[PDB]
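Peer 1: Take a look at the letters that make up each chain.
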Amino acid sequence: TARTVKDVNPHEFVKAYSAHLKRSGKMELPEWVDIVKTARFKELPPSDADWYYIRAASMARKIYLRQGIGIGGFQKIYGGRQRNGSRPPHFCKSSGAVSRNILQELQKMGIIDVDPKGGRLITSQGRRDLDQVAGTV
Amino acid sequence: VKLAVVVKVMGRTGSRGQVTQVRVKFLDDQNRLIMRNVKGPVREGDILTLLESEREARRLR
Amino acid sequence: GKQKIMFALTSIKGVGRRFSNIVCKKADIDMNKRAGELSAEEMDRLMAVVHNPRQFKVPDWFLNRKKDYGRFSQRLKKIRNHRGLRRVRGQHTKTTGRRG
Amino acid sequence: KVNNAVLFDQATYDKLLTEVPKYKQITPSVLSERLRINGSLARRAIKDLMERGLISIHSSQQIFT
Amino acid sequence: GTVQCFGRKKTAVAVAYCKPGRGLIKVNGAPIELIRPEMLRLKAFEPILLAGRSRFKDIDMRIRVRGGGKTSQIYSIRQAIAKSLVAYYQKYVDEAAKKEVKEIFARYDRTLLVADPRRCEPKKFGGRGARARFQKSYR
Amino acid sequence: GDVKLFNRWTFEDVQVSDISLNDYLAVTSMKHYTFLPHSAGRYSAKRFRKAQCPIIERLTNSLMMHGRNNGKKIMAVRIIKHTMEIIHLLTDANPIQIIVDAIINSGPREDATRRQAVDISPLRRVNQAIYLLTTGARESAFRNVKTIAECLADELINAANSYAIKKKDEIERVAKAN
Amino acid sequence: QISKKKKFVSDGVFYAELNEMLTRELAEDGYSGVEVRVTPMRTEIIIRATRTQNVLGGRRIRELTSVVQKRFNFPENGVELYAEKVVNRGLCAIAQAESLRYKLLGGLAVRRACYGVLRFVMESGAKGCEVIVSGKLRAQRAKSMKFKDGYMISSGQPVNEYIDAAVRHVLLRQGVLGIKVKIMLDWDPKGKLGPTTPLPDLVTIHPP
Amino acid sequence: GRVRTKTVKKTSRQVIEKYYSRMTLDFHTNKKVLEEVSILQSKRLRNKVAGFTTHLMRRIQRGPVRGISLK
Amino acid sequence: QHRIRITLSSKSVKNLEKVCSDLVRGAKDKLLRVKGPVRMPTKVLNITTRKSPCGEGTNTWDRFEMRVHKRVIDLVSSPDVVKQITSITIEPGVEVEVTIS
Amino acid sequence: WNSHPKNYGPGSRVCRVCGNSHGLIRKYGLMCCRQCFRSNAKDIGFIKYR
RNA sequence: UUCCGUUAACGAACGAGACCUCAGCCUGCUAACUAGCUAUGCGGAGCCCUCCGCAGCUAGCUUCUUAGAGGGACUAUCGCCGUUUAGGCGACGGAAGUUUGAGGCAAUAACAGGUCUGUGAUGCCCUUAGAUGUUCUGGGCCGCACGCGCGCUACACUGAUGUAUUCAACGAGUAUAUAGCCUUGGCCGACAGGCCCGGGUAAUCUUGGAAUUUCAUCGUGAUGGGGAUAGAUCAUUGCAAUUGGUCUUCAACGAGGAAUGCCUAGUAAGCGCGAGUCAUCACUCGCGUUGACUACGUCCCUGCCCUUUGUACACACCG
Ligand SMILES: [K+]
Ligand SMILES: [K+]
Ligand SMILES: [K+]
Ligand SMILES: [K+]
Ligand SMILES: [K+]
Ligand SMILES: [K+]
Ligand SMILES: [K+]
Ligand SMILES: [Mg+2]
Ligand SMILES: [Mg+2]
Ligand SMILES: [Mg+2]
Ligand SMILES: [Mg+2]
Ligand SMILES: [Mg+2]
Ligand SMILES: [Mg+2]
Ligand SMILES: [Mg+2]
Ligand SMILES: [Mg+2]
Ligand SMILES: [Mg+2]
Ligand SMILES: [Mg+2]
Ligand SMILES: [Mg+2]
Ligand SMILES: [Mg+2]
Ligand SMILES: [Mg+2]
Ligand SMILES: [Mg+2]
Ligand SMILES: [Mg+2]
Ligand SMILES: [Zn+2]
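Chains as they are written, first to last, in PDB author numbering: chain BT, 3 to 139; chain Bc, 5 to 65; chain BS, 22 to 90, 93 to 97, 113 to 124, 130 to 143; chain BZ, 26 to 80, 84 to 93; chain BQ, 9 to 147; chain BF, 25 to 138, 147 to 192, 197 to 214; chain BD, 7 to 63, 66 to 216; chain BR, 2 to 72; chain BU, 21 to 121; chain Bd, 7 to 56.
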């Protein structure tokens, strides 16, 4: 009778919701989409020309799954392996200004809001949109 | 190609103890009892293949 | 010749993976085709993008030859410098250096 | 040094069409090693197959017939 | 019928809470059919694919898994669902059905009803690994 | 029956054309045949315990080499699934049968040690066959266009002319000369 | 304020400092440990000595009470410090340790001094005793010489509560002599003699 | 290995020597009698003693042995 | 009125357990509800150090390890009766802290 | 006199017991060298368990 | 040298065992607002049902986490073997049939083994005032044509690279001076980094805690494996330059001769995390994750132990 974010797998969900943001045509884009690397440990910036919308869909699902995460939390979850050459590999974070910016746009779309608990929370309209797009799968 | 069933194990023998000397009887002729050696792990009641059925052996090799 | 433009321009000095990426996508050039397909109508565009970084909105830090001794852009032996004369990095060369 | 072709002519274009029903196995690696073509062009040929549908899909291998 | 069953493997525990209904199966609030990786998915459909859906067609299952690794969590749920389905009949239906499903599960694999006790032992000093030591250079 | 390999392969068709290697291979369709070759069971505890282990488990566990591949049984069983699909789709038969035929045609019979020649244990026979097949696939896969599944499939069918059969040939030649 | 971990470490190192300070001042009296307790508004620190009539001198005890109050910045009228007599001089390891040190320093032969200490510990009622003296006694070469008797366990958990050990470095005329004294304690269920628990190898039987 | 320390051998011999009247064949009865007829600190030492006593009752129920006396 | 929390910190299990049972039973004497005792997770301090004063010889490290045990008691009562109950004697090794809860 | 900034480093921290400038343990504010600290481990309360 | 027995020995001391710590099982008990489970009530979306969050000073409970008292295993039963002992092998059961695993402690006798540069432990010799200490300034230990020793990173397609699922434990964390520690959150900054709101002297706050896994560009080329080495550049730490960001540079390296080291089960091997080191900079000690091949035998080599035997050795065959 209804398929919900739980009922549909994350991969096809995030790709469909990235397409949803693609033809939505409301949220803005920065001037540095291709040039900037999403993380300093990364060498090649994301080869996908529309990487920004895929990333924004990843945020749209993440805030639905868990709430109260700040800029540092998203900087942490998008980290990974940093190989320092002949030195042993280690952990590294991701970019912060781009995450701050995309979160600010998502606030401008009303999908999220600031909280007294620290971080962000999903607004009812945004999770409603996620619910019906899950139902359209 | 005379398949033989291991009938008794005579303890590990050899320089390193890698070979294990056993007594076998043929499935085609049960009454014939020979002595041979086998590498690897062998337990009683097993069935073992061979190529030459005329080679003999010695006790506690 | 046959390598993708993503890394075909790695061969020419002064340009690696990063600048190749910054040029193949700032001229609105197709990315999923090899260099052998590329013809003259886009070679001029590629050279225009490469030779004019700052005028093409290259982020200012991206340029490699930054603020020469005085313009952002893409002698040590004579001045008697420890860097020109010399390992300059200050390495424990007790063990290494066995190449000659 | 195996110098496989980077661009395919109409020759390979129709040989692959002819042999794809009769090939009990078609894979990018076998196609590349047999028809003297690059693995990327083997991928493109298998997408042309899916366009024509003369027959799994995985990030590393493709098994179809 | 509401029972608690804990499935433990290494350092992963899957807590299953039973409730009567229409046989809905959910893990961590997500469907059992969306077990990732999908290729180890058949490892967690063993009780359903062996006992059969007719056994659990009238009681749902909701499991939450914590700790361990991915494979450890998969084994934890693998044994937790089994324990919960034994408790299905042991406390709420009868003895014979529970006994026979337990025997069938045991004859399929011992781990389904017995928790494997293998744990990581502490690492000893004077060496790299827990049991391995350094390279000995006499001169 | 109700138990099939990946819900796809039926075990109740595969036999062994020998009465010396029956119990060491878990291919009988009454027990010891599983859904997939990944299980967290202990088989090194007691002697001859690995005989009860499924053959597919042995094949998928012997591929985690070299040192850059161990601890990655997931890739091992995925590759075995890929090569299994290749074998079944090409040969139009039960891939279990091809696996059993390759193992039963890739086991050496006699060696020579101490130098005197003498026979080989059946458990050591199947173990050596599996090790030889995995090492041959690794040799054919290193620095080549081929992926793991393709060379594994080719070596499996060719052993049912091949690396493993030639290794067994030279081992038996060394054995039979002493 | 101060976290629990830092406070616990501070009291541990403070007790060690107190032990070291008191053991290097009561050489004429045989310092034999200290008991420290924290009652509401009071910090009691009772010193032990084999000879107590000389610790009192009780003004000197009040000076040593002010010692911890003002050296460690402790609050006034919250710290108390008195002296106490040993229950058993012989059964105490350090007591006989510095007793042997004093005996050898006075001019007695070391052998006779350890025989006397060895007789005294059995006078106390020890299960067994061991005295080890290492260093140069008369010759340039150093030697290790031991006198042991009675029950003398050497391994296991019971070694750290069924024995009492003491080690000292007596500065002699020609160098430093190392002395070690080990005393086994019997099972006293009350606990006044030694441990309150029996040995694993000691089993008692009720007659039928 | 599974061989018994002289302490447990000795104590089993003594408890059977002085308390053969009531002590029975089951291991758990043997240990629940041992815990109050004698003072054993280690619980697993007590278990070893009880099992050993059970084994010697198995030995003696067929005939006399060389260990115990009285009557 | 004016709930009171008492914290019992020590290193020895036996002393803490006996004094906790004693204090809880004393609180029960005055017919007072007590939520507990709550056994706070024990905290372990681990330190490793080289035995050899000079690095000569094979490297052997000893591993000192200390345990810190804690209990917490909440009593819904006036603080004065809490002070009366805790005013009784104590055993060595146990530290008592009182706070308004 | 002591003009060099001794706000940190081994020139400012010494073992509380002995006074060495090397082997200083600092975990939990012990502030002592390994030899002296191992000497008084029983005194501090540091006892071996395994 | 654990025991049974044999017995010119009898009766005893150490060592071993016994002991202690941790893990492994408990739907049994103790009891949890600085920890949780369920139902309900409210609000969120598609009455019910799927479903996320918030309360209910008791909705109920401790099955799930914590920590305590306890229990559980003792080889007892089965068969065989052995002597009818000591015990061993294979069985059912059980969480466990190896004293269950892993450790701590660990006898006598020595080494001219190491440490005087850890010690207001110390004897002798030496400096004791153009001081061999003391205080600061600067350098040096970091040298390099060269030999060796322990580890890090690779030789790639089982992979690199780029998207998108996401599962741990150990421990540690403030002087409040605006604020020295852990840092949450907001803002700015491509990244490195900076400002503001603040919490935690702690199960409360940090703590909401990677290889692997769908998808694709590579395509067998010393190539996008590899990044040695260089230059330009920004900022952090530090009183004073160490490290970390960006781009450019892209060396040897295509499984390694004689020799050689570790390891038998959640072990090896692979991947990270914490702590020590610390004004700044990670090898050692622990933690967890994925997870196997073979062996379960032997004294062939390298040793160790015991008995007999030979000796011209006793600094003891390097005699
Ligand atoms: K990430
Ligand atoms: K050099
Ligand atoms: K030191
Ligand atoms: K509701
Ligand atoms: K010294
Ligand atoms: K000196
Ligand atoms: K490079
Ligand atoms: Mg370049
Ligand atoms: Mg003993
Ligand atoms: Mg012991
Ligand atoms: Mg519970
Ligand atoms: Mg027990
Ligand atoms: Mg010497
Ligand atoms: Mg000094
Ligand atoms: Mg000096
Ligand atoms: Mg240097
Ligand atoms: Mg080392
Ligand atoms: Mg990847
Ligand atoms: Mg996790
Ligand atoms: Mg490369
Ligand atoms: Mg490179
Ligand atoms: Mg170091
Ligand atoms: Zn010191």
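I should point out that these hints are in silico values taken from the structure, not numbers from a laboratory.
Treat the hints with caution; some may be incorrect.
[Said to hold, decoys possible] Taking CB as the label site, the calculated pair distances span:
no., chain 1, residue 1, chain 2, residue 2, range
1, Bc, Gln34, BF, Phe72, 44 to 52 Å
2, BU, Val64, BT, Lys28, 51 to 59 Å
3, BQ, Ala105, Bc, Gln34, 48 to 56 Å
4, BZ, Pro46, BF, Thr52, 35 to 43 Å
5, Bd, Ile53, BQ, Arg126, 25 to 33 Å
6, BF, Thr52, BT, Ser126, 57 to 65 Å
7, BQ, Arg126, BD, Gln7, 27 to 35 Å
8, BF, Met99, BZ, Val27, 22 to 30 Å
9, BT, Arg85, BD, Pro203, 52 to 60 Å
10, BD, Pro203, BQ, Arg126, 36 to 44 Å
11, BF, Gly91, Bc, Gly18, 49 to 57 Å
12, BF, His90, BS, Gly37, 31 to 39 Å
13, BQ, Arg126, BF, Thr52, 25 to 33 Å
The beta carbon of each residue, even a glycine, is placed where N, CA and C say it ideally should be.
Peer 1: Do the Cβ positions of BQ/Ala105 and Bc/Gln34 conform to the proposed distance bound of 48 to 56 Å?
Peer 2: The hint (48 to 56 Å, Cβ to Cβ) holds, given that BQ/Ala105 and Bc/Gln34 are roughly 49 Å apart.
Peer 1: Please test the hint of 22 to 30 Å on the beta carbon pair from BF/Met99 and BZ/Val27.
Peer 2: 26 Å, holds
Peer 1: Using the beta carbons of BF/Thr52 and BT/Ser126, state whether their distance is inside 57 to 65 Å or not.
Peer 2: With Cβ atoms ~60 Å apart, the hint holds.
Peer 1: Could you see if the CB distance from BD/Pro203 to BQ/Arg126 stays within 36 to 44 Å?
Peer 2: 39 Å, holds
Peer 1: For BZ/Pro46 and BF/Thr52, compare the CB-CB distance with the range 35 to 43 Å and indicate the outcome.
Peer 2: For BF/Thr52 against BZ/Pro46, whose Cβ atoms are near 39 Å apart, the range 35 to 43 Å holds.
Peer 1: Could one say that the CB atoms of BT/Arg85 and BD/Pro203 fall in the range 52 to 60 Å?
Peer 2: 59 Å, holds
Peer 1: Given the range 51 to 59 Å, decide if the beta-carbon distance of BU/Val64 to BT/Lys28 lies inside it.
Peer 2: 55 Å, holds
Peer 1: Between Bc/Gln34 and BF/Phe72, does the C-beta distance stay in 44 to 52 Å?
Peer 2: 24 Å Cβ-Cβ, so the 44 to 52 Å window is violated.
Peer 1: Return holds or violated for the Cβ distance of BF/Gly91 and Bc/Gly18 against the range 49 to 57 Å.
Peer 2: 31 Å, violated
Peer 1: Does the beta carbon distance between Bd/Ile53 and BQ/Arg126 stay inside 25 to 33 Å, or does it fall outside?
Peer 2: 31 Å, holds
Peer 1: Could you tell me whether the CB distance from BQ/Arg126 to BD/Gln7 stays inside 27 to 35 Å?
Peer 2: 45 Å, violated
Peer 1: Would you say the C-beta atoms of BQ/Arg126 and BF/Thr52 sit inside 25 to 33 Å of each other?
Peer 2: Holds, since BQ/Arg126 and BF/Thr52 (Cβ atoms, about 28 Å apart) stay within the stated range.
Hint violations for this structure: numbers 1, 7 and 11, all remaining hints satisfied.
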